[PDB]
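Note that one protein chain of the assembly has been removed; the remaining protein chains are unaltered in position.
As written, the chains take the letters A and B, and residue 1 is the first residue of each chain.
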Amino acid sequence: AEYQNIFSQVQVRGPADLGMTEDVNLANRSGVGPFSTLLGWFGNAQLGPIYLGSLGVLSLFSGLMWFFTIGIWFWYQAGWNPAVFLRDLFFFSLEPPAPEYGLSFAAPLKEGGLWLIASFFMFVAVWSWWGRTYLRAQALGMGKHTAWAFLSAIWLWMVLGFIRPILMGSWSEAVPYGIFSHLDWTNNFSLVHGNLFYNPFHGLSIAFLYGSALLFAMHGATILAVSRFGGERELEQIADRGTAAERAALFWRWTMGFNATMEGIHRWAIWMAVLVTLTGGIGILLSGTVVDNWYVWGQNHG
Amino acid sequence: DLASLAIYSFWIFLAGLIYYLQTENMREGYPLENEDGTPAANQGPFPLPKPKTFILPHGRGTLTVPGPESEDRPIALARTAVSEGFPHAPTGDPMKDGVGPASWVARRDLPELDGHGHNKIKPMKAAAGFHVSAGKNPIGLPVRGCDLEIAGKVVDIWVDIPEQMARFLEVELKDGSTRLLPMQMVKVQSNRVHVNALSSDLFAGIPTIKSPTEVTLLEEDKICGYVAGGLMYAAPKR
Partner (left out) sequence: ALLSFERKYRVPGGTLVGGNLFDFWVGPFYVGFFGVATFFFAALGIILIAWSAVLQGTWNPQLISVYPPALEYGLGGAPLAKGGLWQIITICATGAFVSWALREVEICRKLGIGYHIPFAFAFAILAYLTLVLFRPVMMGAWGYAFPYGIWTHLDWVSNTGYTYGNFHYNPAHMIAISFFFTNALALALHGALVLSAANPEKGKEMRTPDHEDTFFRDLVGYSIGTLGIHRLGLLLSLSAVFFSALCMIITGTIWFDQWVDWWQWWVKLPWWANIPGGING
């Protein structure tokens, strides 16, 4: 056979193109990292450094005060036992604080009130992280294209982590931290609402988790095939299209009916995905305050 | 109820996007140029965006797209049928002429430039301290063709800098002259490499450098392209 560019038959190396500068603060970039001589057969073999910032801290930091609460409740159930913490590690489950309390910041520790002090650290880690994808996008001078699409995910998250459960007043209509505990939380949700295939936000949100599968899984099938013609580096193609970008879109017009440019194709799938946490994000914000059941709406449509 | 609305007030952000998208996706390629090169019949129920201003790297100019998409060169294909669509047979030599599978491009006569400034595509014999860390170092491998014959040895490796990755191989032919090969189209082994695309004698026609230490995007197409083209017309010998 031949060479299906999946593994660069060869690797090489030099120092480490530290990167750019622009207005970035480097008195805060640290030391490089080793060179996994494997992570190379694919992307770069280089590793490091990173920006340890005012936010670098806060983010990761409070990001721990979260997983050290899902490492504090499992080192309780397991009965401070090193064997149970392994066996019934999964099953471990810290569900929300019952409907009785409601919208109170006065939930006793042990029973559900340790779920609060857990979520709190979570928020301060994502909106302390999302908030950073900006600065990096800025000190470099790049459209918030990145920082934006993140909000996208936050969406679905915000709905199922504070949003929907405020119009419900029950801190207990949210999801718990534990392996299987939430897996059932979902199944036990496809149900207290009926059947959820009957939901054009899971009949669509779903739709998206498919193109972002076919599509993205087309860009590789694409991009790669023509590496031989400056396929790879996409940048200096927009600014100069070659047999590369050409032959490219060319296969698809002679196949599906049309195509996209180089710049385009991206703006293509970019939305394709964001729309999964967006349609979803919506999809669920309804079940519980605008539709007390969904097989209803399959017949009604009003 | 809000239920109904939300699912339609969204087939909006959906069709109203199918647009905003297929729009941007028409700066390079459209409007159509007939079987000659003149605007054609039915021209898609789609308009053409409001061309935007690119701000190229290091003031090395600017590009505004869409725009005057001129076919900056000739072609050697002269129709073998009468109605729209049909094939267009080559004039003489499809490869050199630069057509069909070997087709190449009208891109600037310059080498890519990293963000740092210097040329972006370099040769190992000149990389700033580049040892081959693992793999099968070909520097010294008697590269063979497809019709079974020797044609040249690997004398150096060309990499992309901040994208530290094997990109090309210089190979001295039958006369001590340097040629360049598309990493992404060869096969190293234990001791002998192999070019699946072309053969011994056809290495002759390979377009070449104009400075064996810096190579332009333009030139890249020519060769890469050529090489490709050979997967079809250099097969009666393999």
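The working rule: contacts are C-beta pairs under 8 Å (C-beta built on N, C-alpha and C of every residue); 3 or more make two chains touch, one makes a residue touch a chain.
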Among A:24, A:65 or A:124, which one touches the chain that has been omitted from the display? A:24
Quick one: say which of A:12, A:226, A:282 or A:286 touches the chain that got left out. A:226
In the complete assembly, which of A:192, A:217 or A:290 touches the absent chain? A:217
Just the residue numbers, please: which parts of chain B touch the chain that's not shown? 28-35, 37, 40-42, 54-59, 69, 71, 75, 77, 80-81, 84-90, 94, 99-101, 103, 114-116, 162-163, 165, 228-229, 231-232
Chain A residues touching the omitted chain (full complex): 4-6, 17, 19-20, 24, 29, 33, 39, 42-44, 46-51, 77-79, 81, 83-84, 86-88, 90-93, 132-133, 136-146, 148-150, 152-153, 180, 183-184, 186-187, 195, 197, 209, 212-229, 231-236, 238-239, 246-247, 249-251, 253-255, 257-258, 263, 266-270, 272-274, 276
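Definition applied: only the chains that are shown with their structure count from here on.
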Can you check how far apart chain A and chain B are, centre to centre, with Cα atoms defining each centre and the answer in Å? 34
Residues of chain A that touch chain B when the two form their complex: 2-3, 5, 8-15, 17, 20, 35, 37, 40, 44-46, 200-201, 227-233, 236, 238-247, 249, 258-265, 267-268, 271, 279, 282, 286, 290-291, 297, 301-302
Flag every residue of chain B that touches chain A in the complex, lowest number first. 1-4, 6-7, 10, 17, 21-22, 24-29, 54, 56, 63, 103-105, 107-108, 112, 114-116, 124, 127-138, 157, 159-166, 182-188, 196, 217, 220-221, 224-225, 227-228
